[PDB]
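One chain follows as structure tokens, the form deposited in one PDB entry.
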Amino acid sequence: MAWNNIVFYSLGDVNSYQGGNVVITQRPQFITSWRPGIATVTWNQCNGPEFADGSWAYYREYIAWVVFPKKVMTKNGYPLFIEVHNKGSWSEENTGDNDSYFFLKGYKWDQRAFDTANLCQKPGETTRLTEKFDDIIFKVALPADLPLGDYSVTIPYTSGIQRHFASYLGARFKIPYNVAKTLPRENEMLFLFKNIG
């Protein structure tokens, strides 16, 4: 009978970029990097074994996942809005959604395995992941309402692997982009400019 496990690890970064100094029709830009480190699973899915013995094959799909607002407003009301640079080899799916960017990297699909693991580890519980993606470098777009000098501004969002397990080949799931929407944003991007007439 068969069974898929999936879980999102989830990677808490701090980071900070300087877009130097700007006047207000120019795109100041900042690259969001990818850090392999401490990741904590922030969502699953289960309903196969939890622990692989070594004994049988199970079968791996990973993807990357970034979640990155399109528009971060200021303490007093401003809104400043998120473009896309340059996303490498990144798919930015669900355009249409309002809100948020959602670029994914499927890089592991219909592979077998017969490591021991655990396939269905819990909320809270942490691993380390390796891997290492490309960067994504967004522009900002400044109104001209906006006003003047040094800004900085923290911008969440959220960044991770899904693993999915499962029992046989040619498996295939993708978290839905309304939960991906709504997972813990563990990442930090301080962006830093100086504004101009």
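Numbering follows the first chain given and starts at 1. Take the two forms, superpose them, and find the largest set of C-alpha atoms that agree within 1.5 Å; that set is the rigid core. What changes on going to the form deposited in another entry:
Only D150, out of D53, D150, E50, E131, shows a C-alpha shift of 2 Å or more between these two forms on alignment of the rigid core. A displacement of less than 2 angstroms separates the C-alpha positions of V179 between these two forms, with the rigid core held in common.
Compare with the form deposited in one PDB entry: the form deposited in another entry:
Only a single chain is listed, so you will not see partners or other molecules.
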């Protein structure tokens, strides 16, 4: 019987961007950099073997994801609008979604392999991801009615790699956008600024 195992390895690190003194007519800008490191399984869908013992062939399809909010609320209830300025080589998909950007990079497909492998790691299991992907540059638009004062806004987002192992050549699977949208947002960028006059 044909099988497909798909596992999402999630990266999770914290960083900050200090925007300094800002006026509502200006657009602060920050860069989201892909940070190789320890990833945690946060989702899977499997109906195949859990381990490949090196004696039989399977096929690999890997797709990196970044799911980033289009709007983030301040603690006092004002929207900050996140706008993509430079997506690099990323594929920007499902553009009609009102709440989140979906950036994908499918970099391996239809690759036959016999290497021993953990084909269906469980949520909570970890592994090192050494792959590097392109930066994404964002700009922020502040609402003109934003009250003056100090702002600290946590911008949570998801980044990670979907690994799909299959028993057959030509296998394709993309995590549904409605599932990707709700994957845990384990990365955080803390955006600090002061709205002045």
